[PDB]
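Trainee: Next come the chains, spelled out residue by residue.
Number of protein chains: 2
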Amino acid sequence: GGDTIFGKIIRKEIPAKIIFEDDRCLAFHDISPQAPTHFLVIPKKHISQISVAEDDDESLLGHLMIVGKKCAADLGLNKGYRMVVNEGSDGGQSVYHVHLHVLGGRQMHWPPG
Amino acid sequence: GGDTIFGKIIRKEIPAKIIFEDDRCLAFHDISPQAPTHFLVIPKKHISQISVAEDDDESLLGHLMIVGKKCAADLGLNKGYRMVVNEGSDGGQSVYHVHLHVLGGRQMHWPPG
Numbered sequence: 014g015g016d017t018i019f020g021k022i023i024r025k026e027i028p029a030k031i032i033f034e035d036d037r038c039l040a041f042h043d044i045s046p047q048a049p050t051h052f053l054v055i056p057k058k059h060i061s062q063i064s065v066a067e068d069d070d071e072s073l074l075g076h077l078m079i080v081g082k083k084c085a086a087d088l089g090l091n092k093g094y095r096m097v098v099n100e101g102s103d104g105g106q107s108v109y110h111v112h113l114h115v116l117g118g119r120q121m122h123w124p125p126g
Numbered sequence: 014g015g016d017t018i019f020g021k022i023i024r025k026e027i028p029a030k031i032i033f034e035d036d037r038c039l040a041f042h043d044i045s046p047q048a049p050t051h052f053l054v055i056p057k058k059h060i061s062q063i064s065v066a067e068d069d070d071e072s073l074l075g076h077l078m079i080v081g082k083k084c085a086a087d088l089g090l091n092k093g094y095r096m097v098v099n100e101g102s103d104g105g106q107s108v109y110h111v112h113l114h115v116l117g118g119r120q121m122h123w124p125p126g
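So the sequences go chain by chain: A and B.
Take any residue in the first sequence, note its place counting from 1, add 13, and you have its number in the authors' numbering.
Take any residue in the second sequence, note its place counting from 1, add 13, and you have its number in the authors' numbering.
Among these hints, one or two may not hold up.
Since the list gives no way to pick out one identical chain from another, each pair is judged satisfied if it fits inside one copy or across any two copies.
[Stated by the list, open to error] Below, a list of computed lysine-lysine pairs in the PhoX-like style, where the Cα atoms sit at most 25 Å apart: (1) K25 x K83; (2) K25 x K92; (3) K58 x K92; (4) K57 x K21; (5) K30 x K92; (6) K83 x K57.
It should be emphasised that the hints constitute simulated quantities derived from the structure, not laboratory data.
Please put together the full structure from these sequences, using the hints given.
Mentor: Spelled out as structure tokens, the structure:
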């Protein structure tokens, strides 16, 4: 799903620690974890960034969160977690393929960066 | 729309600087901003936290993000921003009514708290 490292992962061209997959999204552990549990849920549709998401993508985006909340429970995150979407330079988006970060396993702090 | 602070804001009982409102959500400025621009997008329907969101809530959740990105564009966040949903204690969720944080106007750092 795209010309980024995330597309190669969806195409199983390179390995990743896959947590969940369905016909429209993929959840896998972040290769550079920022908490004891740090995973990503990404759509298979290549949406480069949240800023260009069409209105029609609405339920799909909601799907990423539902899948994220479910994956978090099965990863033992019963005390809480933080969901994050980064947009552009100021947002610190590392890959231009929409991705929802889910982090937990430790006390997350405020401000969120 | 609920038993919390946000329920009161939705019912216009306590003031808030509204950026956007529709039949499903409300977007307003955070009173303790963590960036030059910092606003919240909450559903009018009272979901206490994302971990208890139902499968049917996916359109509403994705709607929070579609509204957040639109509002961010309207607020002139062209360099980027970060969206955050906090869950439970470890997530640093203090208000028990699902909210989405949209922060921008400065460089956001890694990790996100």
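Trainee: Compare the structure with each hint and give your call.
Mentor: Going down the list of hints, with the structure as the test:
1. When the C-alpha separation of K25 and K83 is checked against a cutoff of 25 Å, the pair qualifies only within one copy, where the shortest distance is 23 Å, while the shortest distance between copies is 33 Å.
2. In the homo-oligomer, the alpha carbons of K25 and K92 never lie at most 25 Å apart, since the shortest distance is 32 Å inside one protomer and 32 Å across protomers.
3. For the identical chains of this complex, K58 and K92 are inter-copy neighbours only, at 24 Å across copies versus 31 Å inside a copy, given an alpha-carbon limit of 25 Å.
4. Proximity of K57 to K21 under the C-alpha cut-off of 25 Å is restricted to the intra-copy arrangement: shortest distance 11 Å within a copy versus 39 Å between copies.
5. Taking the shortest Cα distances, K30 and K92 sit within 25 Å of each other inside one copy (23 Å), while across copies they are farther apart (32 Å).
6. Taking the closest pair of Cα atoms, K83 and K57 come within 25 Å of each other both inside a single copy (18 Å) and across two copies (23 Å).
Hint compliance for this structure: hint 2 alone is broken.
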